[PDB]
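Shown next, in structure tokens, is the structure this report addresses.
Taken from a larger complex, these chains appear in their original positions, while the remainder are omitted.
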Amino acid sequence: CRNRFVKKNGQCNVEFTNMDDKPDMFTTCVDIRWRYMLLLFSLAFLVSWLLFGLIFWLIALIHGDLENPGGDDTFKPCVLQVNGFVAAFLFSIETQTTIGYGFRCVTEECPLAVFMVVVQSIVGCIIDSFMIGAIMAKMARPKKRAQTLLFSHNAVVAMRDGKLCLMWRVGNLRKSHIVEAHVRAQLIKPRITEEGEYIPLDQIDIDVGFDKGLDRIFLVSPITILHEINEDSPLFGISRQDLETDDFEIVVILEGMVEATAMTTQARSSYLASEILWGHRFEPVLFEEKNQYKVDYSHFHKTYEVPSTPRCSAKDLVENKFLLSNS
Amino acid sequence: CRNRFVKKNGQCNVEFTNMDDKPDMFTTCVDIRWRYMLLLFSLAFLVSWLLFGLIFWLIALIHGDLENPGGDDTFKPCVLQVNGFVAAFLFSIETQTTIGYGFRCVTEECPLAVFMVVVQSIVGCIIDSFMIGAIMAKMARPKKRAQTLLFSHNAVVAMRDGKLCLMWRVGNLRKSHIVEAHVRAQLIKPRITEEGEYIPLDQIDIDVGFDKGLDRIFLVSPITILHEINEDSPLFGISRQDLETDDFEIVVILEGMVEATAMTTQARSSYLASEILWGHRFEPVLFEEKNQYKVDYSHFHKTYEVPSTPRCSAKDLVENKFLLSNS
């Protein structure tokens, strides 16, 4: 009844508080939402359009263009047809977007106006490039990527090849592969060291074959991950009855390079002591039909009872062999 | 005669069925075909062009512009020269593309029309950016990348340095390298555990040197991968005659970071029991000519018989030594 450290869906159940400070662009960019980033960029356009519009309007005002927007034989405006702020605003937009309808058109008359068109051209170009890049950042780096990996709802304890094992099933929801895929597991419980030190949650490795490289998996059809419960296992002393009492949690991990997303992935899940099914085995999901193999995923989470499974702990199992040898 | 789990070309022979649900953009993007994605984008242009065209047409209609498109001394249209829907449509296109010929040109007269030009400018800019990004997504993340790695058509069993070995050849088709390249192999067969549990396809590691780090290869010219068949090998009890009987499959893997594609790669192949050549050795592909080394790839798949190869299993080989020692 303690609590869930990692949720069934992989989400971690911890919140951070009281964090100190630092007084980056790429991370900041991908962290913001679409609607806000698009609002941001449209704001960037408006502001720059309005700014230059204001400048061209000032220039026109001072030059006397407002009273002679089309010019004549004796008089040439800085920008043709700026008759007021709305016109200046339009000329700004038309310049920066590069629409350039041309009714409002810069002339050779004013160095400053020519300068301002050069500047706005460069700015408009810079802004666009930043928008193209930010849109790719948030594009190729989404926070929501759909889980490509499935863990079974339950783990189970059963005999395989003379050994009592903790077992859980992993699967790939896509035809795409996972490169250099490998698995890990941890038992999560609080504990007090013999020296009296309290460890709120201790993370204790569950051996899935790392030392022989057998934690490395080639995952096509769903695979059943195996933990042999032995002297070195944290579950060594745990019997079926201990299970309905004990408060602990097992975190399971699958890591690898997903050929779809191109990025290294960590898929997570969790089994509470109460979510482990003793004396059970998974229903087979894999079937061969003539020319081809098929996986039926509706059997993925399903299990069946194996009543011949011993109800004592692995430690009892071992100790009993040594007890009936000597006598 | 059972069936092929992995095809010679690396393709996996399994199909998934009965999958449950989830109710992403980047993955969705790269999964669609070119012609459809290009059709999609052209559709995006049409729709937005038609939409704004419709809006400018409504504005023109209500303002009375249709009857005075060029305006006069007493009357100024919202957008010059919109005389009907085709003209409005053109003005829309010309605005969003930023072509801006200028015959059809927005004026200062109508706040709403100016507003709409601003909006369309932003939208056109957003659309373009998404097209530039999607085209890179599908660009830098192709599904068809040409296999850069070659496995020999056959594996073989022969003596090397006093040991009976399973051997197969791998090669790089490019001058480009593979960083942190390493190999793996698995024997694939169904089996029943002593407890009566049926495993439709069990995946059993074939030791290629992982424990000594010898599974790690520096691949320039083709290399012959070696599996010593010993007590711990699944092939320990298999003789030449067992081979023409037995139903099983060996999957071979090569993983590494391809310096060409920049992405971590898994190259796969398969050898059926019937595709393993007992008492054979690969023809050498590597030759030194004066100043330089050359590889002749026409010898890559070729093998020759070594009649002195023992036809008994490795287990017989060992057991026989112990049988002629003691006597």
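First chain written, first letter: the chains are A and B, and each begins at residue 1.
To be clear about the criterion, a residue touches a chain if its C-beta (ideal position, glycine included) is under 8 Å from a C-beta of that chain, and two chains touch if they have at least 3 such contacts.
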item: Homomeric complex, total chain copies (2 given); value: 4
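As a convention for this text, only the chains that are shown with their structure count from here on.
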item: Rotation, 0 to 180 degrees and nearest 5, that superposes chain A on copy chain B via CA atoms; value: 90
item: Mean-CA-position distance for chain B and chain A (Å); value: 21
item: In the complex, chain A residues that touch chain B; value: 38, 41-42, 45-46, 49, 83-84, 86-87, 89-90, 93-94, 97-103, 128, 131-132, 135-136, 139-140, 142, 144-147, 158-162, 173, 175, 177, 179-180, 212-214, 216-218, 220-221, 223, 257, 259-262, 281, 284, 286-288, 290-298, 306, 308
item: Residue ranges of chain B touching chain A (in the complex, touch as defined); value: 2-3, 5-6, 12-20, 22, 24-27, 29, 80, 94-95, 98-102, 105-106, 108, 114, 117-118, 121-122, 125-126, 129-130, 132-134, 136-137, 141, 184, 186, 193-195, 197-201, 203, 205, 210-211, 251, 253, 255, 263-266
